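Beneath this line is the structure, given in structure tokens, with notes to follow.
Missing here: one protein chain of the complex. Every other protein chain is in place.
Should a chain be cited, it is by its letter among A, B and C, assigned in written order, with residues numbered from 1 in that chain.
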Amino acid sequence: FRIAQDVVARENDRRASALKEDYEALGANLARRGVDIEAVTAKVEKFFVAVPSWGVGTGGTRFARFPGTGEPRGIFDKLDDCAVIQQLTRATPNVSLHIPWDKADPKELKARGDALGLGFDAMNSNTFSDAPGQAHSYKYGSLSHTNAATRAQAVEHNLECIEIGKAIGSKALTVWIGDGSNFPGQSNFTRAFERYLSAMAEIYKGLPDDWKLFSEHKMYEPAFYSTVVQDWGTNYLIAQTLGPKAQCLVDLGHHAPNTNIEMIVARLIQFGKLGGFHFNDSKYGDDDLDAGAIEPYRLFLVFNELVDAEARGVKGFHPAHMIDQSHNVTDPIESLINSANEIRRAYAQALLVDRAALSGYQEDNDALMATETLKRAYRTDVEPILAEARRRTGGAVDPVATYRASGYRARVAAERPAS
Amino acid sequence: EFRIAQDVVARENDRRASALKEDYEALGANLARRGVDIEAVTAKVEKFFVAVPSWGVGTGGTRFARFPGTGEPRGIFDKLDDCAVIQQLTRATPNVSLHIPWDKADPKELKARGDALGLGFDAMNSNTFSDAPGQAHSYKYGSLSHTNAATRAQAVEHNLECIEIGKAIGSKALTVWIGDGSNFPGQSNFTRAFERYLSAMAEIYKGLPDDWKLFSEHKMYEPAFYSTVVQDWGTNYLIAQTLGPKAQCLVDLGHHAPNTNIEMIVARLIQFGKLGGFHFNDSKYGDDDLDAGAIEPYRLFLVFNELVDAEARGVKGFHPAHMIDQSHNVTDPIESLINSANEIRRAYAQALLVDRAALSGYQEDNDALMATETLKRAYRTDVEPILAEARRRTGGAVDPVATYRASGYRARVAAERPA
Amino acid sequence: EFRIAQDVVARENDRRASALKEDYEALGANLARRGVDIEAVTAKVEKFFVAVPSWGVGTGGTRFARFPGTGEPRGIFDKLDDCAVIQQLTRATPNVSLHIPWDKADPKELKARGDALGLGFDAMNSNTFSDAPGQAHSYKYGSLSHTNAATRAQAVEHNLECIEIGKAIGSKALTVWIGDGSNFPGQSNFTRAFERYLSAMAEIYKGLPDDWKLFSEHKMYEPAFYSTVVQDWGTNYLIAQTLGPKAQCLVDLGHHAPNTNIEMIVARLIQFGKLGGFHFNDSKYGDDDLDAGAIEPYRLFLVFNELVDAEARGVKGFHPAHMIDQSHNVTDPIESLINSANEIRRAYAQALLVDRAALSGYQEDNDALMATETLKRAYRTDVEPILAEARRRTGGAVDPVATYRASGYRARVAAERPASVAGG
Partner (left out) sequence: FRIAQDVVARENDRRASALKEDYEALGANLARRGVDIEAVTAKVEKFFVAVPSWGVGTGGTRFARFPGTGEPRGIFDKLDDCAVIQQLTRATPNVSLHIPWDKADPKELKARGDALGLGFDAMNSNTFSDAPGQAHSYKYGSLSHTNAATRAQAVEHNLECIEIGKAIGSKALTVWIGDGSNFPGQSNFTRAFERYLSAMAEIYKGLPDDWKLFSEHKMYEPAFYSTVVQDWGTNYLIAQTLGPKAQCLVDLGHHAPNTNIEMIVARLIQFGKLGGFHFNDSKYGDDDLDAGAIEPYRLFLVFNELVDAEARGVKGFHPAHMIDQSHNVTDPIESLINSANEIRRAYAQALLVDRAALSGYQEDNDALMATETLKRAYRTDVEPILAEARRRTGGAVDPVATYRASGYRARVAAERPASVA
């Protein structure tokens, strides 16, 4: 146990009384609205989102990085830190690794995971930066690089990622690359894409029967003129070309200004190519901010699309949900804890939507009541539900408060040497 | 007189009275546990007012088309009768903003009708973005900044007339928003056009009463699609500072570039005593003029957070003029203004809930997480019970839109007005 | 029949010839030193055409106001007389794109007038983004994707009629742009609306002749302000791939989110054989519909770089249905369309000056600098002489707008057409 059980216990008790009042008040209110709060809590307590191994360390920009105390020394420290997130929120049972950063004996990763009660989610390849000994630089691209040998080196790396995942329990490989151009003319848009498709078809051949290959679009950064996998359109073209095992990943902050992201999710779902969602928030570009911190309503509107799919009865729909954020000015663990919470919060509120009444207002083109029906769920403070979900599953009524009372950060700060 | 039968208001309130009591008392207990007297909040909420635009009472359209609904108001007097409903039910819109020449009519009567309907008059709005019957000089290439002196003078005189009308009805401010700008590079000399504008505004200011305010309103684009004289708050500040003490800036939420941090702009203007007021509405792409809070409710709360904080910091003489400037193209105008007016009170109430002492503490300790969390604990709070109670205690409706539909008002005026 | 007197054209041409010969020869010498035969370029520029929107010759406005000029066309016939001017002076707009119901008239008359004016007819444009007098079902909440069956059916019926009118006048394609969408979250169900849109389009598709094409057009917003059924090229692609071989995509320059790489979209649609055509104009903030190349000439160039590159290589069946789609709110519509068309030919001609072999080499060497410099060398070249000589050789004007003004055509029709009032 990363966090002393007696600490969690003391902290949960101190708030039990206040929780009981708010929850029961919310229960009565929901009952008046025809909603059984227990059924909502039952679903919330089982909603999981993956945590990125690389999100537990302090992030930075190209201008600087301001690390905090007790920064994780390697993958094992990161897993230890992810264990804290899961223990307190019970919403992040799985960890998503990034190779080569997390490269290590699979036997040992698995054992650490099992020992911590953590599982492993989608693997993540890295051909957007050069590693030591690398025979070919990824400066001008990787999977779509004009140099065949360079593309072969990227393919092999993705295949290795799969092998590693096969040994630890992972069932998918996420592929995000920087490939693109910074100057008009530097790249032949069409040929660069074909090279990419060619390299991806090879990675696809290495997929086990029950694995999936996720391609992730991004409007820009690191490329500032054009990007091979720039949007969901090109993303869909990829998944449809590769095969049943290939699907699209939608990362919130990877879209052009004012883009209607919730629609893209719907479109993808409609054609069964929504492989998963990468949560975070933003205001300007791919800011990778804590989910819900900037536009909480948009987060709820993304989930509205997710829940409506289930309501419509879409078949074999098990999206892979992962958090992909950067924490440049907060305790990484704390931001992940509250981000995971916002996600559960948006999900919970989406469950509160009266689809029946909604279905009616849409039919009569009653735009105002349709929107109001959505707002009634969104405006509901579901915090009590989230808190109760944690209590029942061994988590903390107030995760961050409990995290701070345990003095965890100071503990690891004294154990881990800064570099 | 009452546009909506008082027996309907009473009935539709008694039908919801029980539930409201339950919700209000629960919220009251919850705030008490948070050191907040719910009565202090309600008291301030029922005191918050925002003016309604006479032109918003009718159905709006785009350059592509206009799809009017039944019972469209024939003129200013019909529009006042519908504004009376908005006010009667929400009790948050005691004043109406007139637009000239659209609502030009015997001021003496307007006043009479206003007092009869329990309405007052807010800022006057001038119109030099369109030509009027008989007008001698077209505003096609501008108005106040037009290159032709005779044209600028005509625009000036029109604004002075606007002040004359407004003085007769009890108005205390003139709002100037023009489309002046260019659609082609080189079409206008930026500096000279602005100098022409300043000179004209100076003349209008000259004829402004000493108990009146002159509000200039910036906008990035439309109808001008390359450049706009008063394109942003920076230029707007220059205008206000230049003109004088009685001149201030008006911030319209949808008149800003993509991803602009509007709350910041609001704070800056307050700091330099130039925040004259607001034009509330929501948007996702451009100046969509959608119902407030329909797209980004958190942003609305943040704008209000700055207003409430300005008071907490001891800023003096701060009395912003709040106005709704929206276009309702696919809903009953009256129902939209009702809920928009409501969303604005909602954002105000949640902002009043912020624990400034605590927030201040986390800002000083650079505890970004708890700082944002402190803001969220207010925003997540469902303040609908306070809004409904406020309305109930002041002659309004627990559920405005519900009461509006139950009254059959729309069908009524549809039978009284042409098709 | 000549809308603009031949003597005036001849007069205004002879007045600039001396200067043109100098500039043309100087450029040719330069191009020659660059291993380029100027005559080969002029020959292709002469053959490049872009359709003119019948509604483009009338003064446009915004939701705030409309300030009409003098001599506004009363209907399709006046509009055709105005387009004839554009074609006579620029020689780059031989075909007009009609819009129903606005241009609803006897197909026999339309054709006769076009023939007499030396104009052909391009893609038909349907209208379900506004209600017509005597229309049974409003399009307020949608048309092809509307929740009410009768309303969709009515929309379907209308598009089929446009195909009929088109077959009679010589058209070979139907362009579909609708405002269908929502202004509020919840108002629409993204999936069910789209499904309805697909079903309806599948019907219109059945009424397409064997040599006709159906073009769907995406737009991020306006008139819908929260979500649009056909919001981007992604959805558009799904539409075209679902409908069939005769269904392609139209890319309207200003119908994209801020900072979108539009030229890549072109390339993407080309790569998958779904680039129905391009709708030119320029913009800075949104769907501004400004004169092409007036704001970002280089982007226009880059878009053509993709068009020419695709053309350069094995042109599968590549024959995009290009059309200008602009709104002229502060200029004489004819002069804007005249210069917009010239601008389009400018980007095209410069795209033809690109050293493809050299570009290909730098691309494979990942020589980003030289790659973008190779492109700039073409773009920087001032091709006005080629454009000017092209018009002259084909009975066009060396200085289109100058000739237009010198002819007095505007004052003329202004004297022949009823006055218009400004929209308040």
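FYI, a contact is a pair of C-beta atoms (placed from the backbone, for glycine too) under 8 Å apart; a residue touches a chain by one contact, two chains touch by 3 or more.
Asks: Which one, A:106, A:119, A:257 or A:272, makes contact with the chain that was left out?
Replies: The one listed residue touching the chain not shown is A:257.
Asks: Out of A:52, A:72, A:165 or A:184, which touches the unshown chain?
Replies: A:184
Asks: For the full complex, which residue in B:6, B:70, B:189 or B:394 touches the chain that was left out?
Replies: B:189
Asks: Among A:282, A:349, A:362 or A:402, choose the residue that contacts the chain missing from this document, as touch is defined above.
Replies: Final answer for the missing-chain contact: A:282.
Asks: Given that one chain is not shown, which residue among B:49, B:177, B:205 or B:233 touches it?
Replies: B:233
Asks: One chain isn't shown here. Among A:220, A:300 or A:361, which residue touches it?
Replies: Only one of A:220, A:300 or A:361 touches the chain omitted from view, namely A:220.
Asks: Which positions on chain A touch the chain that was left off?
Replies: Against the missing chain, chain A presents residues 59-64, 66, 128-130, 132, 137-140, 178, 181-184, 186, 219-222, 224-225, 257, 282-285, 287, 289-290, 293-294, 328-329.
Asks: Which positions on chain C touch the chain that was left off?
Replies: The list for chain C reads 19, 22-23, 26, 29-30, 33, 258-259, 261, 284-285, 291, 294-299, 330-332, 335-336, 339, 366, 368-370, 372-373, 380-382, 384, 401.
Asks: Residues of chain B in contact with the chain that isn't shown?
Replies: Where chain B meets the chain not shown: residues 140-141, 147, 182-192, 194-195, 220-221, 226-228, 231-235, 237-238, 256-261, 263-265, 267-268, 270-272, 298, 302, 305-306, 309-310, 313, 359-360, 362-364, 366, 368-369, 371-372, 374-375.
Criterion: only the chains that are shown with their structure count from here on.
Asks: So using the touch definition from the top, which pair is joined by more C-beta contacts, A-C or A-B?
Replies: A-C
Asks: When the C-alpha atoms of chain A and chain B are each averaged to a single point, how far apart are the two points in Å?
Replies: From the centre of chain A to the centre of chain B is 39 Å.
Asks: On a C-alpha centroid basis, what's the spacing between chain A and chain C, in Å?
Replies: Centre-to-centre distance between chain A and chain C: 42 Å.
Asks: Where in chain C do residues touch two or more of the other chains?
Replies: 140-141, 183-185, 187, 220, 226, 258 - these are the residues of chain C that touch more than one other chain.
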